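Below you will find one chain, with nothing else, as structure tokens; this is the form deposited in one PDB entry, and questions on how it binds or moves follow later.
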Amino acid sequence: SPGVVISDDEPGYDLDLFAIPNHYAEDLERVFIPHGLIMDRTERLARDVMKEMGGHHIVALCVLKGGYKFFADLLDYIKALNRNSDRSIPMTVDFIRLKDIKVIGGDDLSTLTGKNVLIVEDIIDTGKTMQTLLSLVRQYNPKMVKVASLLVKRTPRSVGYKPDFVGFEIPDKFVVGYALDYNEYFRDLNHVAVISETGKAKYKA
């Protein structure tokens, strides 16, 4: 599936209908994807992940910083599956940051050889970052490598790359929240939201 499709003309929600941290009160335009909805969708994705990847040792690879919340929650749902089912599989974890592009941190990638590798991202936009990471990862001969991304953006700048698991397909809009940032701000927000002009100006680099 393309995930939960959020239409171009999605109006989102009035902030007054939700609990919002006060320090971001004027910096947000609308709530775009409620935290709870992210959780419900992530619950189903964890089941899809275990269906496809639960046959062999999984290495879950978090793409920092944006990926950290989705990663923690996805893995928590996966762990819930594994302790309430008959069949389970070991899972190990690693974290990388990407800074053209080179991998920062992480274990020696020879640890990926022969494993079912799940790369976890916050968002796919152009897809160039994932294309680059995949090309690296495949050189270490994983048993399989799959990508799960909370968000996929509809954009004419797309190179054509599509991930294996998708939370939501969104319009070409700049979103923040749930660890997605604007100049490092708004990671401390449980909902995905759209940033206001006031907010854009306030936290401008």
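Residue numbers count along the first chain shown, from 1. Only residues modelled in both forms are compared. If you superpose the two forms and keep the largest set of C-alpha atoms that fall within 1.5 Å, you have the rigid core. First, how it differs from the form deposited in another entry.
- No residue of 113, 135, 88, 92 other than 88 has its CA displaced by 2 Å or more between these two forms when the core is superposed.
- With the core superposed, residue 26 shows a C-alpha displacement of at least 2 Å between these two forms.
- Annotation: Cα of residue 41 displaced by less than 2 Å between these two forms, core superposition.
- When two forms of a protein are overlaid on their rigid core, residues whose CA moves 2 Å or more are considered shifted, and residue 54 is not one of them between these two forms.
- Shifted regions between these two forms (3+ consecutive residues, every CA moving 2 Å or more on the core fit): 9-26, 65-67, 85-89.
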The other form holds:
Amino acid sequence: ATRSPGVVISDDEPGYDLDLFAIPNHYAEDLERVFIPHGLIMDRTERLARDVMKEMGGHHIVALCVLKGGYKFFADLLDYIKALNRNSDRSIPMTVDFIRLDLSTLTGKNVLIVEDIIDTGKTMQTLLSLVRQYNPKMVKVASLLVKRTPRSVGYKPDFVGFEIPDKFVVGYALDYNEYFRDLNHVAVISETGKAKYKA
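Go ahead and give the structure of the form deposited in another entry, now that the form deposited in one PDB entry is out.
Coming up is the bare chain, nothing alongside it.
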């Protein structure tokens, strides 16, 4: 719930062609276009980590990961946060948990909920109400990707990595029928790939 919408990727002109970057060859016909390369994600994630310690560094941080199979972004975000802490000459305690949808550990602490993708946003909103119930000092939501979808409730994430168009993306932290885990770029899935690896 802040002004920064993050790195915007418009419907006019999105992403780069597949030939310009290194894609696993078994995914050659399963993707349409690359929206966000792995390294671009890392750079943005590094800035997000500095945004988090800027607004939440005041109290003991509880980093809360959602278990959607996507551990990748949560692990990367935390790595950058730890990188900041090791050069702060104060030893900074931090606890990390996981939620699948005892939380008494959240009382009076800065809670950071980390999400990979936000589409409808009611999965996210549902989690705020449960965490706020345990009376934390503050709750912030980090999201790597926010899709511009008509299924928008109106809820706005605090820390956003990228704002992407309404396409079904896979890669990096997002999978499809447990496929595309070895793909480190965020790319749009094709009709071929959507049918080939269908459940």
